[PDB]
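In structure tokens, the next block holds one chain alone, the form deposited in one PDB entry.
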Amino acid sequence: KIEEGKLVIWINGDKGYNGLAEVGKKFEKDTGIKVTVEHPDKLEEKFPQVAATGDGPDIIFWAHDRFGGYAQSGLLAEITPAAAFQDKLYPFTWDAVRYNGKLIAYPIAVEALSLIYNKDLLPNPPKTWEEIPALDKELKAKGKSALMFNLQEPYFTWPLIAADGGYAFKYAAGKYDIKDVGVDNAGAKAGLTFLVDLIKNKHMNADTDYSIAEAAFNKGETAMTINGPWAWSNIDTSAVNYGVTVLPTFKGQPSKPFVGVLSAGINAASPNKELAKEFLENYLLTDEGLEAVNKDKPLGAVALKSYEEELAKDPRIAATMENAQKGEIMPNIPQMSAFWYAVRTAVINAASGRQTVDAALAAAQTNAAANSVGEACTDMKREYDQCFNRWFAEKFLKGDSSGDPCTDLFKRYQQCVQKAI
């Protein structure tokens, strides 16, 4: 299980994990407390599995959308920064990591997708998605192409899908409507249909992934890609001369990327919660800690005000913020995981031709809604069970029963299930 007196951090392999390891070395030099940074594959799915057994990292980095799920399953410690420390970060970043009235992580940086373009191939990038076919056709005649980006992660296509009206979950009055997923409407279909038509008219390849799109852009073969701040670093070392700009408009509407707050949460099973708090508040979330990470791979717009004021001079960051403001902060509810799985499949199926746009999205809507409501019914069940298991062991089995207290909890659960059907 987790080791006492040591910090183990998990963070995604596309981030500045070597720079974070330098912050960890500084912590060790000051305190003698070893910090180890790992980037396991699919860490966002591995974390819940290992943490549920009380193993895993002391600190986990991911975008904020996954944290509500982790918190709801009891996998994260509550965090309680002093007022003085909170005021060092932008208030909207705290909002992203608030779940059920509690803070469940520290906000690190704001990530949004932008359009990245090769200035030598394309000194004026297109303002609209509708121009892309004609641009591509021209470029293919010269043995180049217009645009390549990662089709295998729905994060990258969502901005298009959402531009004319696709959504995830309704929000109103402090509550997400989990019965209703917005992935099957006219705007969602128009967006995805545009994408599939790019593929059908040979302007993109259906199995373009992160690495193929990254190699194609940084080797000068394609004129544009869609990516986050983390990717700028590899383009810097390539021979490509790039700019970063607002995503193209669709049906005259802004693309709407789903905006992530890269966040650090503390494993509820960690024996090192105080050391983790010290590391995060006094080493990572400082101008020099963020600089060391940023130097490795750009973080984006950082949550820390003092450092963001220096980063705001970078036009790449201004573009990141332009796109962020046109997009939307992701929800952090546990259902988000089901939303993404379902959109991932729909995109891949429609892009590869395994399903039509209309059947792919209809099926995503159905499966996301079912699992989302299912996760609520499961939470109602778990609450019944906690009440019953408590009552049965401490009351019934001790011969001190005069009725089952946990009947209304069951009926609420029963109603959830029977309504879902």
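Residue numbers count along the first chain shown, from 1. What changes on going to the form deposited in another entry:
When the change between these two forms is described as the motion of two rigid parts, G54 sits in the other part from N185. Of the two rigid parts, the smaller turns 37 degrees against the larger between these two forms, judged by C-alpha superposition.
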Given for the second form:
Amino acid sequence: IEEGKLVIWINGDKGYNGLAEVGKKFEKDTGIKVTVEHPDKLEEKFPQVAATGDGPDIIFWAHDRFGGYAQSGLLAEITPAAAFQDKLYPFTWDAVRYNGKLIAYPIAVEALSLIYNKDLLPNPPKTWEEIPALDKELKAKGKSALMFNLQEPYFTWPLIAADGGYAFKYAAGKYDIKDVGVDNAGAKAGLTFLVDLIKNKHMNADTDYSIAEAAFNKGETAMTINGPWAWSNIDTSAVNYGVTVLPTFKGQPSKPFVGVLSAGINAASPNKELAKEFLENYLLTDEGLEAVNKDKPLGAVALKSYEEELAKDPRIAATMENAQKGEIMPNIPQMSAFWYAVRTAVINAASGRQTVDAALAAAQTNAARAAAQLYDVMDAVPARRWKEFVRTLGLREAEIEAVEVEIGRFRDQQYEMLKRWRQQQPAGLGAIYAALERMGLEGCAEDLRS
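Return the structure block for the form deposited in another entry; the form deposited in one PDB entry was the one displayed.
Since only the chain itself is given, any partners or molecules it might have are not part of what comes next.
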């Protein structure tokens, strides 16, 4: 990397024009040129260019991917003054911590909230338990009380976690990966309540993001569950809506997963604290944070001073309230195995394939097993290119030869090769992604995101 200069990588949906503008208020005080760039698959190019010792000085992305980055040492430890740490809400620091050391600056905070049609329903329920009675009263007008995406567990989790569910237990600054909380009594209570809504025809097991977003925006439903990304389409529609706290369940808050957009500094940067005075004293200010929000809104932000003027908008105040009541999304890569197991479980419980107890007991076991993720990779790559693929991944021929001399069948060898490769190299630095391009299988890469 070139020294005496700052280069920022920001996602293209974000307010990159306003961000660069803070860089000119920074550059006329020191003379440091800021070029902000919005490459694509930035999250996925950054760890590959950074493993060489190259890339940008500051990386902007959601906090969950920063834990994988920090595991292979691609992010520098940050050392904000204790006075500066009190300028941001404390839970945002938990999201940007990895094995006891801070690795980035929290910027904006995002969580699900309850969105309701003010015309069909002036005062939304404060408890999940009220919703079945209110759905019956609304079905007399061809309306329903609540529709939201029941296919992805991100949307059903706030209820499954309210009474005591959790993904991976967090103590001592580390996530215990063999301590998952989807089989406890609280998760069973939440999923059973969600399953009960479906058996009492208050919701349909087939509702997905599209069906629910259409229903709410066409006035057919009184409430939905969605994040600030969906506020734009509700603006276009004629619906007059409000955003508010998620309903309690058994008296406790729904816990949506919280995602924190964060600014990390490259461990291979020579300008490490010339970058951090830009973040602490020029961007994480009331003035500099407004330049980015006026380009494209950040939603709710971690810096208290600017949050208290943005929270003059009840929508943003609600998002923050829901975030402070929620659960920080773990920044470890094992979160993918968790989503896979929990998604099968909610699908299976909602349809009757499994009881609630069987669905969650299976998800409990399968949340720590990585096999399913590997078998999917093999079936995303054409078998004629299997050996080339893991050579390109970086598994050395000694390990390859060790597999081939005792494993006979071809598929068995590939699984054993991929399994042993994942045991040497943790996810996720975009390695599987980077390999498919050097083989000319971007179509296969493409599809393996989905």
